[PDB]
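Read off the chains here:
2 protein chains.
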Amino acid sequence: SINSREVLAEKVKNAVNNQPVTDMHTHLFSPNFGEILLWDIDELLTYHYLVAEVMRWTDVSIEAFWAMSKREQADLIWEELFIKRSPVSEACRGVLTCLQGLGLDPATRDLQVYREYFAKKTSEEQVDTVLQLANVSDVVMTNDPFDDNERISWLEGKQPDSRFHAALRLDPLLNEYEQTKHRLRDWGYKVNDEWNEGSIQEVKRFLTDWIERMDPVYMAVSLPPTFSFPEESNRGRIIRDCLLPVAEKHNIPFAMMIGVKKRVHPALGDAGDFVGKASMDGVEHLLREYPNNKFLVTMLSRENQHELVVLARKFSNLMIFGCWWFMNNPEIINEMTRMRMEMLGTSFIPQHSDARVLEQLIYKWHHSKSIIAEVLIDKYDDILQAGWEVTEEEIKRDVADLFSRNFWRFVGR
Amino acid sequence: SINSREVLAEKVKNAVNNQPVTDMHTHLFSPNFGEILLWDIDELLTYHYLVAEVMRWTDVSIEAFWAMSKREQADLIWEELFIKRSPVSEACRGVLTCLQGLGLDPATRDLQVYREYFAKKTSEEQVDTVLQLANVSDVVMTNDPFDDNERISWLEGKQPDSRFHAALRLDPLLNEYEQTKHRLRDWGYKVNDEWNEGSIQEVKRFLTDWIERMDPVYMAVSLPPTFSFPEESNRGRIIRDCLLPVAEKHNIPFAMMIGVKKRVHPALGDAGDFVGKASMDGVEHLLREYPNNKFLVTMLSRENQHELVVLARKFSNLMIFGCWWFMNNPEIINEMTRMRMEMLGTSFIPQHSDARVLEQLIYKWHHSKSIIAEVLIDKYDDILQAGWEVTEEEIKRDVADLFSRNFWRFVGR
Ligand SMILES: O=C[C@H](O)[C@@H](O)[C@H](O)[C@H](O)C(=O)O
Ligand SMILES: O=C[C@H](O)[C@@H](O)[C@H](O)[C@H](O)C(=O)O
Ligand SMILES: [Zn+2]
Ligand SMILES: [Zn+2]
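Those protein sequence lines, which keep their order, are chains E and G. So for the first sequence, my numbering puts the first residue at 1; every next one is plus one. So for the second sequence, my numbering puts the first residue at 1; every next one is plus one.
Treat the hints as calculated values from the structure; they're not laboratory data. Any given hint could turn out to be false.
Since copy identity is lost for identical chains, a pair holds within one copy or between any two.
Distance condition first, Cα-Cα at most 27 Å in a straight line; then the derived DSSO-like pairs of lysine-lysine [to be verified]:
no.: 1; residue 1: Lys-396; residue 2: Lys-249
no.: 2; residue 1: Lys-181; residue 2: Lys-262
no.: 3; residue 1: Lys-249; residue 2: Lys-13
no.: 4; residue 1: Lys-70; residue 2: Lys-120
no.: 5; residue 1: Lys-314; residue 2: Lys-120
no.: 6; residue 1: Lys-204; residue 2: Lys-158
no.: 7; residue 1: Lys-11; residue 2: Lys-396
no.: 8; residue 1: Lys-249; residue 2: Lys-121
no.: 9; residue 1: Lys-158; residue 2: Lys-181
Isolated chain E (complex conformation):
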């Protein structure tokens, strides 16, 4: 039986380590979609998190950086962030965890040798390897139909294998309708100059056509710190007249990733986004006024985290998830996961990888699981010491909810 923190620690760590993970938000693609799925050490080293970091150290111009080849970029970052300075940051640590996880030894710092490993392997094989090592059963993608490369694949019949699931990303439609409406009409969606019945129906038709083609687990959008709802704006009316009705009809949840301030430093590309605290008014209104709609929410500002948890206490149709981006750091992952558990028990989704490069699934889940395991150990021990019987079976059940079941139960699949 489990009758001590010591015994508990072992059981929790084992259960957490063995629980197959459903990664509900990533930037990975089923291997059959082609090169859009990024992988290998050079891709790991050029993750935009490391681009931002290297630029704080290197005298190499950002324009010169983008001009270099992928290998040149990787060599520079490795040299600047691993050799000239110890790789102690979270993103650098992550690269190391991946290498070790694949059987490569960071002790040698032999980059040329690490590279050879990847060269003698295919995309399909590396996917098998990584999913096995990271113990990830299901990966949810981010599918942007407004991206020409991504859109052509779906239109031409490309479909993910069983391990990969689609999520209809809609940032251009909701946040740039003034420019995006012209593309809809180019694709046959007769949206008019004014927001009338015709415009509302065509936008709904656009969403329905893409839902049928992708069979998404949810529709998503990243939003700025200034997000508000209700709102007399293109976004406010599209959400009110089109997105919500369609989502309820198909019982598809609406995922909102709030707090991103896009391109405060354009020259840095994907690495040029900032953060800002948002008002909870919009989320609060959406949850209260649309009780038949489901909402998946994650916020970027550290200062929004505690109140988001309290908001989940208020509305069952709100399912909070992950420690997103700038929140995806040990210090923050820990505080967020503890506040969440203390006020929500196990009724939340503690994490997602947001993996942009295949191998990251290894470090993202290993770094997170160790922290989540420690929180669970503290929480289980507190009730154990209080006289409660905790069985290994109940631990596996709870761990399964946190890393997989809660999501699937919420999406309705």
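For this one, chain E is given, so just place chain G with the ligands on it according to the hints.
Just chain G with the ligands, lined up with the frame of chain E:
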């Protein structure tokens, strides 16, 4: 390939229940038009059908009734027609069907709890709820340009959403021209004292102006039992020289609801109209003499129903529809629907709801569909007995024709 009677009944009922309905005559309005759209339990209980019925029981004078507030009128009707006597009449049965459909429970007879349901929703939300429950996809309104409230609404650009369609009601123009002509000139339509070229072209202009503003699926008028045509009167002349030619040009059907005798009991208001049998001469003449015009007809007298069916056998430019008002009772709906199918096959429109209160769509259609399903089952079964085997697809086709396709195909939309 259906050969057993049980499967046949099963497929017919499923097809009827699943078939999205086009309700081609109601007194409902798109929710954006305002409070003109009536809804909720108090509105249901004060429907004029129940006003007439409660007066046969209550000692409360009609004057006092009208003096009462809406909620007080509802309480009296509830007490008098539901508590003091079993609510077995069709209208009272309808209110119950509505409450049950909404998820409310008639068993408790808790009127206050029922009211609480409506109080927590908006008109927009309730229309969404009711259109779904009643599986009604299209509602045809009754739009009267002679009503100040309605007119100004159409003048200020108000447009119904895609679920609602307009029908240009002309009772004041055709039945009260003498008093109405002064309003036509007040609006810039210079009709002359006598019926000449100018008076004819200005009346046409009025019609055309409103057809362009409403884009009605048809033009309508309710007529008395004494209706005649040809006829040297304002109605006879306006119809001959204006209505018909204008209707033919725009290929717009002319709907005539014949048989009502207005205000035989003035104090009852909307619940004070009576019925009388009409001559078929006028309708016979119109169909034969104006073959390029389309006519939608429904009559109020039980005694007019059989010959109307026969008239439809004579003229393809006649499309009979629904079981109107005093005909909208199970006993009459059943005999009417059977006489119609027996002499016209599927070439007619069996029903319309005539809803004045939103929630009525639930009971109007539920009560009618069960009866129409019964008739279909019997007729399909009769040919099955002869050796004919229908396919489930042919059934869905026939059902679609009756509840929606016959109307749109007839109006040409
Ligand atoms: O976590 C960081 C991501 O890789 C971002 O670059 C991304 O834009 C963000 O997660 C999003 O999906 O909107
Ligand atoms: O069913 C009865 C209606 O509510 C009547 O009051 C209405 O005047 C009639 O249907 C009409 O449109 O002439
Ligand atoms: Zn992301
Ligand atoms: Zn009517």
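Hint by hint, here is what the structure shows:
1. Within a single copy, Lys-396 and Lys-249 get their C-alpha atoms only as close as 34 Å, which misses the 27 Å cut-off; across copies the closest is 23 Å, which meets it.
2. Only within a single protomer do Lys-181 and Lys-262 lie at most 27 Å apart by alpha-carbon distance; the minimum there is 20 Å, versus 53 Å between protomers.
3. In this homomeric assembly, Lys-249 and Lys-13 come within 27 Å of each other (Cα to Cα) only across copies, at 24 Å, whereas the closest approach inside a single copy is 40 Å.
4. Within a single copy, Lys-70 and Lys-120 get their C-alpha atoms as close as 18 Å, which meets the 27 Å cut-off; across copies the closest is 59 Å, which misses it.
5. In this assembly of identical chains, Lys-314 and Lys-120 lie within 27 Å of each other by CA distance solely across copies; the values are 19 Å between and 53 Å within a copy.
6. In this homomeric assembly, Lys-204 and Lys-158 come within 27 Å of each other (Cα to Cα) both inside a single copy, at 23 Å, and across copies, at 22 Å.
7. Taking CA atoms no more than 27 Å apart as the test, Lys-11 paired with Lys-396 passes inside one copy only; the shortest distance there is 9 Å, against 47 Å between copies.
8. With identical chains, the CA atoms of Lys-249 and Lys-121 are at most 27 Å apart between copies only, with a shortest distance of 18 Å across copies and 44 Å within one.
9. With identical chains, the CA atoms of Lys-158 and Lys-181 are at most 27 Å apart both within one copy (25 Å) and between copies (24 Å).
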